[PDB]
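Trainee: Here are the chains, one letter per residue:
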Amino acid sequence: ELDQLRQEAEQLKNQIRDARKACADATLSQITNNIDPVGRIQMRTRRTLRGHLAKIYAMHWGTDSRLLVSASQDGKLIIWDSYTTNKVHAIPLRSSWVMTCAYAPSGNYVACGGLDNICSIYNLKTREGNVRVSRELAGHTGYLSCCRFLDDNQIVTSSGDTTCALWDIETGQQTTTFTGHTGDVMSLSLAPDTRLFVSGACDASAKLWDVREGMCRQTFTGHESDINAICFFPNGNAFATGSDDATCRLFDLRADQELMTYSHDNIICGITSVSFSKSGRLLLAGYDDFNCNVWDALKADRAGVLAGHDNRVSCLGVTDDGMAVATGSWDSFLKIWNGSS
Amino acid sequence: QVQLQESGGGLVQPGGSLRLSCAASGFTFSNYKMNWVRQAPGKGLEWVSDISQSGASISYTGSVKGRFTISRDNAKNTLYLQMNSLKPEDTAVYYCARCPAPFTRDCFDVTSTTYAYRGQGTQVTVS
Amino acid sequence: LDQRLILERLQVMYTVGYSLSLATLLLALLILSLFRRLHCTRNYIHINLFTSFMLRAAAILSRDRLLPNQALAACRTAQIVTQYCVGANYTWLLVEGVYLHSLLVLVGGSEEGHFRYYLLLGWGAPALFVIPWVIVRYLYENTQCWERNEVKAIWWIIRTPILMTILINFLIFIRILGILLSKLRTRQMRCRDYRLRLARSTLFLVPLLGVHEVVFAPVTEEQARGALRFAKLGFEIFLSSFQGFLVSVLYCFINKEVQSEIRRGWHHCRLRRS
Amino acid sequence: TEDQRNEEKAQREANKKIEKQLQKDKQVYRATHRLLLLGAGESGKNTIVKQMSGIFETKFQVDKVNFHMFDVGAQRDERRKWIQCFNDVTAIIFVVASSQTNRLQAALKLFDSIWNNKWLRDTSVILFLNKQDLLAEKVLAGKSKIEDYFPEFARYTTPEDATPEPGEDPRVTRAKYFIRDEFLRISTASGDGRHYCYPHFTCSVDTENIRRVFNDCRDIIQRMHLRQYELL
Amino acid sequence: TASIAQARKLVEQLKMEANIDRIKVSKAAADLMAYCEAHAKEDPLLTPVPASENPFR
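Quick mapping for you: the protein sequence lines, in order, are chains B, N, R, A and G. Position one of the first sequence corresponds to residue 3 (the entry's author numbering), numbered consecutively onward. Position one of the second sequence corresponds to residue 1 (the entry's author numbering), numbered consecutively onward. Those letters in the third sequence? Residues 128 to 195, 210 to 415, by the entry's author numbering. Those letters in the fourth sequence? Residues 9 to 60, 205 to 251, 262 to 394, by the entry's author numbering. Position one of the fifth sequence corresponds to residue 6 (the entry's author numbering), numbered consecutively onward.
Everything labelled a hint here was simulated from the structure, so no lab data went into it. Please note that the accuracy of each hint is not assured.
[Claimed, not checked] From the structure, some residues in chain B lie toward chain N, with a derived Cβ separation under 8 Å:
no., residue
1, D38
2, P39
3, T184
4, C204
5, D205
6, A206
7, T223
8, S227
9, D228
10, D246
11, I270
[As the list claims (entries may be wrong)] Here are the computed distance ranges between Cβ atoms for each label pair:
no., chain 1, residue 1, chain 2, residue 2, range
12, R, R136, A, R389, 38 to 46 Å
13, R, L344, A, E299, 50 to 58 Å
14, A, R347, R, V390, 38 to 46 Å
15, N, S30, A, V214, 46 to 54 Å
16, B, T87, G, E58, 17 to 25 Å
Built from N, CA and C at the ideal position, the CB exists for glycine as well.
Please take these sequences and the hints and turn them into a complete structure.
Mentor: Right, here's the structure in full:
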């Protein structure tokens, strides 16, 4: 009886592949070959934050593109003012093994989580200003890998087990649960329209979810190894995935297949962080070989290298206005990079 | 998308010879270390053999060494496991697995309950 | 005339030895100063030792070029500075040995706040042991600039702290080498690592032989008779010069991370250029 | 306006206070030693933790030295992702039940995978070959996992290194040293890294594990410090 | 058993996946490049901003 189910499933996968192949009438490189190259991108560091004393996993820019939070394995969550390098806040975490952090769009709350399977939300604005645990959300089985504030009262998280959860911070239990992945979900990203979000797991596939009704809308299986970072295009109709293949790939929801591949022969290490610029033309990818690369998204050609980190680049972020690019690494340093005219 | 599909096996008498063929059509075969794992009908997953990217490094779980031979063919993107002189304890399901990281001497979760990069099943029985 | 020409070559070799001692010490200070990342207690101690050697070499060169009132006062000041800095060099070597021994032996704590105390021992003890010598030499047997060969009491009072500090340093390094040999035998490495013990002992202990270098400082008269005489004098001037050269190279250049970092910076500069 | 100066000096005061707090926390962080207690499934991890929610942390002080031990309780069997978080720990205490399926082979594969990790190549591993008394009984009764699974045990002899264990059957010592030799051959394979292996036939609930772990951590710290001074 | 349950969930997911309508890749690429060129001016990364109003100077 099961063999019939397997045959039906493989027939459906074959027909989906055939539909995708028939949909492919051209190639992104073929159409973009007549576009002026971006050219060499000389980015230099402007600020260096030297407060953390342990390797750093996560960071998130503020809505004002000035305040940024950072999470380090000594159980520390530091909120910096990037303009003046001053430390606005320093929060000691109960669990020293942090793997993700988020900064609320309103700026009043900060998310944190890790191997304790508990998402801690900290209230920055209190009657005295002292930071305290606003609420702990529990219920995930695997390690909390990523978390993003959907709203001041809603937060979406991904766990070590194959499960994402949209919570209600007011009441503290999962409002919706998204399941269907095969491996550990490593990264998360929220679409600009706030209606959808993509999740990349360790099964070499990325799934698109809608927070309203809560089931997978599309699945992309272009990669061939664990996916470590995902991020929507600023348009909201595409996203990029970084994997252990030493390859970054671009997917489109409407096309529902590959668009462009960002592989290079000299690159052997995997990708740990992927982010876009404000216009989306530049794709900044953090690599394990102590460096960071800038790719022309429409040409798949390297445009610059953000060298200067003494360890692997674990986290990368781009400001909302696209004024500077922050990169954190395991050498307990955050470097902010900018271009010069 | 990895699509690790293997074949072979069946019902054989003890002391027979079997040749399991495994094929991958979702990645570059030569870039990954390959292996075979075995799941008994009443036991859990058990790694039985492994071969490196080029074939220079080959190792076995023991009690099957000399009896089992593993060999990959990169031109056909396939792999073969030749087993001889079967004992009435090898009746189980054999999985042709590719562990995740390429160009790496390490790979951790081949013998996991819910591994993603492991192929389908193939029952072989001896009696 | 052969003796005169070999002595002239000896003197110019001595001067050029201090010259490249200055060069290497400046290069080491520049390398270890402007990177903003090699900022640890060990590197700070290395910087202090290097600058102490800078003061020693500068004072010695100035005194040599100044030897034939303003001139008498300058000579006296140079001699006082020379004594203070030769004390400071040995006490800083002792401080570095003490730091290594404590960092390798003391269990727990790992307190990095003791550095100030090390700094207090870095340039506090030499002044405290040189001031009585200065006042004694001013009050009694006031020689013109530096000729100390008629009173043994001043020699003992100025050499006893040096001998005590360097004996303590020798004992501490003996303990450190014992620990290192125990580790090597526990790992059971090859014969190359068996001789690595002597290889890492001799290079780190010839600055300790700097004491045998300084017991007979270059004070040679117009002429001397004996092959062993000029042989040992040439051997001494050697340790003198390198008292700068080899310490400067071994404590920083072969650190095994600084050259990797400079190669990384060279690669980054090449990428920035093209 | 004077405001800009007011918030600027307030920011300076807050930054200096936070810097003082960070230095105070840095002292404690550098004081403590972090250890990751992994294991080969059932190996006695729970009994060892009892003798000495995601992750469990145990704080114990020996000889005025503080040790935090982290055990991954509520985690999935796939370790290829969250194990990278423990690259900078002082040591990984790997407990192996030397006594269903072939547990020894799975433990050997796990140890080889940990040893050959590109991020864990600088992290030392302390081997706890537990259940030595259980292994003794197995060998004495005839139950074998050393010859039955590994046919090289017949062509094996007791190494002439040492035998600190008191009067015991030569077969038991040969078996335990064969297992230790397999682990050591896995560890000392050709490669690179600043890590070392510390095998131990513990099977001890008399607080001897405290002394063993403390001595191993002392050795690791001393070796790292000597390597900083390129003395070896 | 659990195998039949996971198989039926998987086949349901695939049949829900296969009913969607795709858009030609050429049109998607054209839209993506149009968005890239439309906001090209408002990107300090692609076009470096003068240091007078660069807050990170």
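Trainee: Run the structure past the numbered hints and jot down the numbers of the failing ones, going up.
Mentor: The structure breaks hints 1, 2; every other hint is satisfied.
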